[PDB]
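Single chain ahead, by itself, as structure tokens, in the form solved without the named molecule.
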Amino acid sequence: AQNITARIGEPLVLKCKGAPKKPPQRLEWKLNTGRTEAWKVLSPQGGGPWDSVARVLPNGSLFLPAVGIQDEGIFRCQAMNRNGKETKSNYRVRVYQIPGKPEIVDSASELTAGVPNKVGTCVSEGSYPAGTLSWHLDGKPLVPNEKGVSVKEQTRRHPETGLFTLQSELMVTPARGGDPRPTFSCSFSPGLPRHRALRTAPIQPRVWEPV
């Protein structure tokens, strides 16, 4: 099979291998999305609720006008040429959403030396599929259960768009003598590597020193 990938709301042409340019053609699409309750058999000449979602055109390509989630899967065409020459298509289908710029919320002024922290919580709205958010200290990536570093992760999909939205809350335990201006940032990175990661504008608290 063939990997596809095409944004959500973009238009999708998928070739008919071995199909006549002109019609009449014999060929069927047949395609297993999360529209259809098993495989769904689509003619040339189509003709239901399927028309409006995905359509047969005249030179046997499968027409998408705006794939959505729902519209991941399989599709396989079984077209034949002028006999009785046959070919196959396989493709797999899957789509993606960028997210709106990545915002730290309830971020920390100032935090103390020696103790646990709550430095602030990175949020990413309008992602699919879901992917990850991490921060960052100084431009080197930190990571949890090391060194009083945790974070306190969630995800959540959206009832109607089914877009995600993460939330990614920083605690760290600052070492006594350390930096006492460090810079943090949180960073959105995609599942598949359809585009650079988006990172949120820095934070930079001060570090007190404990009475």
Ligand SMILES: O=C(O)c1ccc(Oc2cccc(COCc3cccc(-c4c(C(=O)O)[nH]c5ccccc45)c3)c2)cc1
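Here the rigid core means the biggest group of C-alpha atoms that line up within 1.5 Å when the two forms are laid on top of each other. Numbering follows the first chain given and starts at 1. First, how it differs from the form deposited with the named molecule bound.
- In a rigid-core overlay of the protein, residue 84 has its C-alpha displaced by at least 2 Å between the two forms.
- Taking the rigid core as fixed, one finds a CA shift for residue 15 smaller than 2 Å between the two forms.
- Relative to the superposed core, residue 194 shifts its CA atom by 2 Å or more between the two forms.
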Second form
4 protein chains.
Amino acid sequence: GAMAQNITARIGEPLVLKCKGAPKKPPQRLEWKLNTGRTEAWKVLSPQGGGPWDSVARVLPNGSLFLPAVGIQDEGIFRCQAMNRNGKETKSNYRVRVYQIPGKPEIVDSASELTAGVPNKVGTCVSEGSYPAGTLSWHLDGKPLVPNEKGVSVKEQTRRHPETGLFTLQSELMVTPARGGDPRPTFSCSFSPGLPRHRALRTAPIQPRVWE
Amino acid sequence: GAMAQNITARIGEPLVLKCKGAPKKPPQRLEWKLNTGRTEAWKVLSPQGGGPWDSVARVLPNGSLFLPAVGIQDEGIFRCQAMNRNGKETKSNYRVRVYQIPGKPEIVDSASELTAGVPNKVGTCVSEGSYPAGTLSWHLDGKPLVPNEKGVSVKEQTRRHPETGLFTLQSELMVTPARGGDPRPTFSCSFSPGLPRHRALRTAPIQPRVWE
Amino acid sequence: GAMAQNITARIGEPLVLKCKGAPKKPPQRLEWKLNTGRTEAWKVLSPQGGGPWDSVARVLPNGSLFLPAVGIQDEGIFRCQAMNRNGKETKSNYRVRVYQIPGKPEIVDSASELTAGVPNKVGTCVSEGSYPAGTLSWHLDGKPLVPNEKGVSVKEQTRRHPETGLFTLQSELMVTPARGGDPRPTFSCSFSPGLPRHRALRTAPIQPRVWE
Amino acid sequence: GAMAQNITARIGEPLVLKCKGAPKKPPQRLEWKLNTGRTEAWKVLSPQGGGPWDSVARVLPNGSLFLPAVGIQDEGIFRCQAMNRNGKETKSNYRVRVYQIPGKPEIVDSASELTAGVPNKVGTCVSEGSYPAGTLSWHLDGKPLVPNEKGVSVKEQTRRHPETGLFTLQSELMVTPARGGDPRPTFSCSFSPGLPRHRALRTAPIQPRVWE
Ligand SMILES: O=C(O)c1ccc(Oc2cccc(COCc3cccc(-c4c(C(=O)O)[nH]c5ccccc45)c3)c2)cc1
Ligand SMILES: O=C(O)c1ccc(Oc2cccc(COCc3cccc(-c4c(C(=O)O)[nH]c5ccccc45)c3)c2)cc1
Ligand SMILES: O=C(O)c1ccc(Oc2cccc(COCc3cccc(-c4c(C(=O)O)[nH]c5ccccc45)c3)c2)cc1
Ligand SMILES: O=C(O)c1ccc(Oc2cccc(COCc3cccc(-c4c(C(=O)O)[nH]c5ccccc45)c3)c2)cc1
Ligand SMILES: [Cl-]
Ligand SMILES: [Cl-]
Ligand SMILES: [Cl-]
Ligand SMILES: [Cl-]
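Can you return the structure of this protein in the form deposited with the named molecule bound rather than the form solved without the named molecule?
Up next: the whole complex, starting with the chain shown before.
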């Protein structure tokens, strides 16, 4: 595509996109074009508006585009072209990526006892309500646990909510504790969002006892 | 995929899918699995049900799967596996395709006069509310008009309704009437649905005058 | 999207798309833009060309766009904008749909004997190498057989070739012949292409004997 | 879906997937099922093999599935079900995600001089050949530069190679240096891969002079 400003828009929240170079109030020679999950290729939106799109995305008096409650299908590309009073044309190009933050992750079915030297089910981490899916990972006394690297194995599952489309992730951790290791290790799980610079969420720790 | 019974389901209407081989009433050893636009790969549904899926697809007392109002995202694959009283297992496999019938097509902006030997805009045919999109085509005195043959040109547009996802099609017809041809030709447009054996819908005819 | 000329392009064959309004030979102020399965949104192509796109789609001396061998990923939208010597701008807008014709369909595993009044497997129809998938249907002495309508049942399967992406369809027909019906009925299967105005392909007939 | 082992497979490299529980050498009662970009829903593969799938994914003597050179279309789900000599059934479930590492990112068109208190184009960062796309980000003397905070603006572009499908990313950085700040700042750009635990790649730094 072309060079664009990246926009991250939280699902359910409003979004205002500026039409650069447009006069401050009507009359305005401007046009918006959008290609999103709602459209077949480009759809043109005008200041006069009208029709079913008025419920979804409307041009404001200052020429900006307004979406009262972003959904997953609004992901896509949004462009404006405007002429100012002098006649200079100005383009605006946005790439809109949508997201939702899940609830704090939880560990369910955690083991209270582990036996050293054999595989043990440690627990299952669950995160509900993300978009995009994101990922879950495990930590042992503050360091990342890497699957298939040192007696660690992980299985993962993804589900979607049938109406909202948001993701539920589950991750089951198994470990073989090394003989002579720490008798009260501390495990946690973290949710890492898909989009850049979004913060991780962490579970409360679990601390089983390890039998030599 | 595997061999399946093809199911066509109209958007907004209920759908009942039989679980072959299941006992007539509970208790029943059966399981449904579905992979549709709502799911991440296979989702399992059980007679006990529960959760947000109960609003979308529920197992009935006789083991059939019930969807009270099909939508576009229910397109996909639906399977049941059941054991009867004797313990014989029976599989059911369905491929569900969704559709909606548009309103009767209309001709807008029709020409009242055509000039023979030059290109003329005849009209624009519009169909609103189909799924899958389907196609529009033109006819002249009962015979198909083929684009790019014998002085015929057509341009087409597709749009989607931003909330329902249903398609609006437009088709603009241009013709160059042959000199010495019929002075009062009859044009019509037809909507052809995407799915097999669904009937076409036809516009009222238009009858311009042709000037030699 | 916008109004476009519909283009149907056979997979593996070249495609030339005209840039309306461009000068006949260089120098030319024109630009092509395409959004297809190969692109992230719009890709711009220029008369000078260069790079990996030269292998796929190149501007010719007369300003037309040339694809030496269309593939499935070239489905999409192709646009040109040109200025003539006078400075008039002209736009060209194409919607390109790709297709391939399968081999003639065949009936395999046909029954030689049918018993009236009970269900019988009649045969399996197979079509290899279509795009888009298309559909198979059955006929009995020249009339369409409708699934689930009169002791007729059909099961269907779709597969894709792992390298070419082309579709193989299979359709298994079962019938319960009516008592006192024709002792030597004639069944056939037809392949119906997905795109408009493309011709159907038909199998050779089978003529089992029916036992009263 | 169901619980699965996550597999990350580099494009162009072989992949071997174990069929847990299968006998060590033929004869073996096992079956693989896969649903990937190459398939229409589930495709079954058997030890005997045959056909065009042998070029893509083949069962080995020990029952493992072998792909000699993974591509983007092999992303998906791979499952085995086997019986051992005793008759115990074992399932294996894999979710295969594909990737490619781009070349080291580069800064092009870097500014040698910046003026404090006004916006300045700093440079354009380019990364070629990733899958999934990944993202680019900028740093100033070792700290992340956040777009739209403290006089920082970024624009981004994504393109795909027309034959390989791999992504090229570009990111253009603009900054307004604060008056009285460091006269010789150090900027760099980093590529962050899409998949978890893959390492970032960093450009060589640039050090323009800032004029008060
Ligand atoms: O006299 C009057 O009453 C009157 C006159 C004009 C008018 O409205 C316009 C005023 C200026 C220009 C345009 C024409 O611009 C369309 C457009 C609208 C969105 C985006 C783009 C666009 C395109 C592209 O589509 O080519 N590429 C891009 C790349 C990056 C960013 C944007 C684009 C173009 C329309 C209204 C009323
Ligand atoms: O004791 C109890 O209380 C109790 C016992 C069992 C039970 O429920 C089942 C009763 C019989 C068998 C199965 C196990 O079948 C799962 C399945 C469910 C849907 C579809 C399929 C399926 C698969 C596949 O997934 O392999 N392939 C197919 C191809 C074509 C058609 C269907 C399939 C399999 C579950 C409930 C309660
Ligand atoms: O001086 C020189 O050396 C020199 C000058 C110009 C030049 O090349 C051009 C000559 C005329 C106009 C344009 C600018 O047009 C871009 C474009 C290219 C494809 C398609 C479209 C397009 C858009 C849209 O993108 O807005 N919408 C559409 C709707 C329907 C059909 C097409 C479009 C626009 C570029 C080369 C050299
Ligand atoms: O006598 C002989 O010569 C002979 C006998 C059997 C034979 O091969 C099989 C040996 C055991 C079982 C099965 C039947 O299993 C199919 C299957 C194959 C892949 C995956 C799955 C599967 C399903 C599912 O599809 O239901 N769900 C899952 C969830 C997680 C993991 C896997 C699955 C099922 C086939 C070959 C030869
Ligand atoms: Cl799901
Ligand atoms: Cl639209
Ligand atoms: Cl397949
Ligand atoms: Cl691109």
